[PDB]
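Visitor: Next come the chains, spelled out residue by residue.
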Amino acid sequence: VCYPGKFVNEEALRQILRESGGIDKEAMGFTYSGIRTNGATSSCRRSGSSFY
Amino acid sequence: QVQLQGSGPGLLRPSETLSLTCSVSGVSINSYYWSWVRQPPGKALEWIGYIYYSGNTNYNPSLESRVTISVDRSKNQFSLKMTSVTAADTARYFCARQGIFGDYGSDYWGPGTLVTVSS
Amino acid sequence: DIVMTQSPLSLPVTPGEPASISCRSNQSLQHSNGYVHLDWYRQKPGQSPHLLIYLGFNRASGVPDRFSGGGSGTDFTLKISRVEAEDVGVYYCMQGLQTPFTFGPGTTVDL
Ligand SMILES: *[C@@H]1O[C@H](CO)[C@@H](O)[C@H](O)[C@H]1NC(C)=O
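Chains as they are written, first to last, in the entry's author numbering: chain C, 86 to 137; chain H, 1 to 119; chain L, 1 to 111.
Heads up, some of the hints might be wrong.
Simulated pairs of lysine-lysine, BS3-like, Cα-Cα distance not exceeding 25 Å [as the list claims (entries may be wrong)]:
no., chain 1, residue 1, chain 2, residue 2
1, C, 91, C, 110
2, H, 43, L, 44
3, C, 110, H, 43
Derived from the structure by calculation, the hints contain no laboratory data.
Excised from the complex, chain C in its bound form:
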């Protein structure tokens, strides 16, 4: 994790990720209107202020 925090059911998620055989990602298609999606912190540094 990059931002300071922790998961819950950490070992359960880790075991299902080890048994995953890799990750295939589908774009969930969530389009957000009325608000902004640009939140970032200095803890994550890709080219400066970034986030996930």
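Using the hints, position chains H and L with the ligand against chain C.
Guide: Chains H and L with the ligand only, in chain C's frame:
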């Protein structure tokens, strides 16, 4: 915020295969699955069918066989083709996405590609 | 095929009054989550429509305060608090439960 844009032939004779195209920005047919509608001229509006961005298709039991929705993964425009066109199907095709499939952000309905079916 | 029953037909509204249009079908409309799939549309003639209310009871994005219409069960009603000059346009209500999708006959509201 995606931007939808449609294009295609207007003066078309009946019976032959119809062509249509529709360009989008932003989502790039990579995340959400778009659908299709059809506008009778000053009559009741109805729905054509949805196509998953992957390619799975579903339609209206009013009309199945004549409609073929293009997938077009690589190019950033998804298209529509109709066979056996009719002067009763002289319509104002709209190109869009809808609330209820999972996205709750309006429709971003594309412009009206007006078509006329006459000899 | 779920045939959609709009009511009423047309609203010759006066400027500045609370108006309302109902919407019902021959089914109970409820999703598995508990959130009803009902939409409210607004098509200016000669131009693409717009959504004003989504998910039944819920305020939509980019939509100001005069539209928050709800209801109960399978008959819902869009409420319009103030009538102004730009409220002309044909209105549609729409389910989202299952295929197929049947739009409404239309509500030609005018002054
Ligand atoms: C509603 O009415 C239509 C009209 O024939 C019918 O096809 C449909 O099955 C009805 N739906 C229900 C849930 O009764």
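Visitor: For each hint, tell me whether it holds in the structure or not.
Guide: Hints, verified against the model:
no.	hint	in the structure
1	C:91 / C:110	holds (22 Å)
2	H:43 / L:44	holds (15 Å)
3	C:110 / H:43	violated (42 Å)
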